[PDB]
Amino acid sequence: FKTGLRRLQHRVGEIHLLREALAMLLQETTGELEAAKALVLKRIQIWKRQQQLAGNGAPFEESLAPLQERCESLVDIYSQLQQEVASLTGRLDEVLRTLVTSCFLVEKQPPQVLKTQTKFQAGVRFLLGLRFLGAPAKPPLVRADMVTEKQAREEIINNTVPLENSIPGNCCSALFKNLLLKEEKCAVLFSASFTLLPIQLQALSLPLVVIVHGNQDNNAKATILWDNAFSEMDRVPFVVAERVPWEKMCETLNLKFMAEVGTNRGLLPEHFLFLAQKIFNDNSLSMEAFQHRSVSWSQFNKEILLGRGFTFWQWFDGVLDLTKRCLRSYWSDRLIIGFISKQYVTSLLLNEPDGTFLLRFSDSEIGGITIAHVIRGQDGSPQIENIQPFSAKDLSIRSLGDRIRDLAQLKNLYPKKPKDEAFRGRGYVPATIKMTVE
């Protein structure tokens, strides 16, 4: 780790010792360096993958400081190998240029669904800038330029910023505070040149989709989500799989729901089952039947669901929106099952006590939550009733919890959680407002 680097340190010292001169097979030390360099570049790729998945709501508690430290350490080994000292010279100098180019990274990625005529930010950071730049020579200027997928295989304003040192900051960065721009993918190339003969630095951003406000971004959001999720580390720019495993998809979705909604309760296997039924148009109640399936892009955002007028992602993002705006605390409190069929509800609820209810998302509309519940009398015969789905607007007028209370028929949330636990003069006759079922 740092242990291997420890080796590299020990060797320089020896060749230093072996320098009197009062054989040079030690410069397999250059190889030992080269190996260490490839190694870092690998870590740098790993961090980018991590950052790409964070675009989708993955946990990214990764600082770039560790990668910097290591990079600086390798340069220190290089300088020593250089000062000590044929052909190896080309070699080390090759180590250096490689490292330097790999050290220029986008650190704050820009909005990946980006609207025109809207203010945006990105930032690029150079890991080795605290070895090669600084005060004597003027800071190199980093440009921002939008590019097509075609160009990246090789309109923005406020696109130039100096790449600057912070000794307090312990970094070299250029941050664009004030950027504005005036299915189809593109990127921002960030560009700077510097001599330490002059080298040109390029960072390519994560892919973007540019939209003009309204209408807007459901499609664009699906695209970013697919690319972020299913991308290959070493891909040719903006190429993704068309089909992916459903298990990978389910994951991607759980992370998404958590991020958007704002909750740490995710989706279960039981949720994935009802999801899978919908995406695949299947009714098996076995998680086994859906565990090793493949998903395509079409199934996800292109083929409209059976008996519906929307896609699967349109539906899913519809529930995200709804949950995020109205339902977030209810979802955290585990008051909503949410993803369950009307059909399976009937099975769960038929044997239950009168007044037992559950909360699901509407299968048939976008952004809907409905009440399903069991009604049974003294004859003992159960009937299930499904109350029409509520929307975001309906939920503004009166909240879900209020509506649940308004109803005397409703007694316990499944399974047996009392509705009251679970949910939070002068001569005038009282009037009240209650939700009412016909």
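Between two forms, the rigid core is the largest collection of C-alphas that superpose within 1.5 Å. Numbering follows the first chain given and starts at 1. First, how it differs from the form deposited in another entry.
The only C-alpha among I304, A137, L141, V147 that moves by 2 Å or more between the two forms, given a superposition on the rigid core, is that of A137.
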Second form
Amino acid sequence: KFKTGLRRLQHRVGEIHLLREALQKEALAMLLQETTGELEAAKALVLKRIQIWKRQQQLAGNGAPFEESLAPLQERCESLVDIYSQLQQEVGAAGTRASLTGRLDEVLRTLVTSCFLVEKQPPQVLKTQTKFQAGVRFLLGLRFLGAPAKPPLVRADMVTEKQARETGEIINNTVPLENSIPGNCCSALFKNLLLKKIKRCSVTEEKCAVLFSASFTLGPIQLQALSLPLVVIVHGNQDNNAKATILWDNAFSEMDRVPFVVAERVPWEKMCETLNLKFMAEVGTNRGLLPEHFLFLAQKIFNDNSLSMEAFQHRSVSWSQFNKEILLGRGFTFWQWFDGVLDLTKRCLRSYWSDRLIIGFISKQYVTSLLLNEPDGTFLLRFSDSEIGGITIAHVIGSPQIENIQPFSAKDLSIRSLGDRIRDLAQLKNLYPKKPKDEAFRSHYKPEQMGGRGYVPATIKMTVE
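Let me have the form deposited in another entry next, following on from the form deposited in one PDB entry.
The next block holds one chain only.
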């Protein structure tokens, strides 16, 4: 946060300057070594803060806060390159160290090579024969003024995880890296990228990346940048699996790693925070999941039936448990079910969810426990465990019993929204607990268009018995 150290650096440059002008009528002039050392300190710090920005970008993909801007980083790097410039310029004196110029040049080169970033990441789930965009940024672009004034060219090529550790073809891969004096930025934006074909080398688990290469002239520096890991797909059906992989990699990944290694097993609450974040960001609400939801999720993925939330907390979940092992009694993985719920809730249940009308994540046994002691016509809404992306009405009605209504798909809710569907059922009197349905659903109801012209409108209603 403190640039004060920089104000120590340039001032030290001042000291060197005046000292040089003192010998204008051998000496030390040891301050150059000193100052250069503090420069390497500054550079290292800015480099690791860059790496921080990168991991923040990584987390942003799953649904987490991001800076997002690089302008401060750019200003810092610019200042460091400034002091570098005046130092190197000051080296020009009669007062002969190969180390001064040699070290300064490696400071410059590491700063430059690390200032080559992927500002706009390509899609982390990528379909072949579909067009996507990516954006690369150079922070020290306006410091090279341009002195050559001739733009380097950045090429983008697809690489496997193996080639990442140091085929498939992409089109319109060459774009010039250009300086923009307004906007203060040195960027290259690939806006018409397309993948013609890829070598596959469990399909939705192979991590690939886009490699942005360039050449930079001064006085021969090769610039390399690697995008976030991405999963290549060839049809929409694979998407639902691909996300999981990406979801796993964007979180749970250390800042420095061999591309692209990630833990096979992780703490359960880490997974809970990941699910909460992804849920809130993807659906688009600030009303996240609750501890009970995490409990009923926990039993679901673990095939357990404990009613104490803390036993699960010290459990660990593996990638296999997450998206490679089939749930008991069912035909899908945990993740597939969860993502199905994500889709349904995003498209048709966002207002309903934010209003807290949906209990959602509950075993129907806890539902029995709750509803059995309730008056006739009390109901609650639960996500269906049998099918993917479905929601079911559970209500209590000869004695007292409870009825589970066939789950609504996104299609079903598109035909008639959940709200008016609920309005249709007069047998439903109160939303759990003890809340009148006609108050908490007045906004979701749509006003009748009775009357023209010149036809009477025919409406569709849901009924069950």
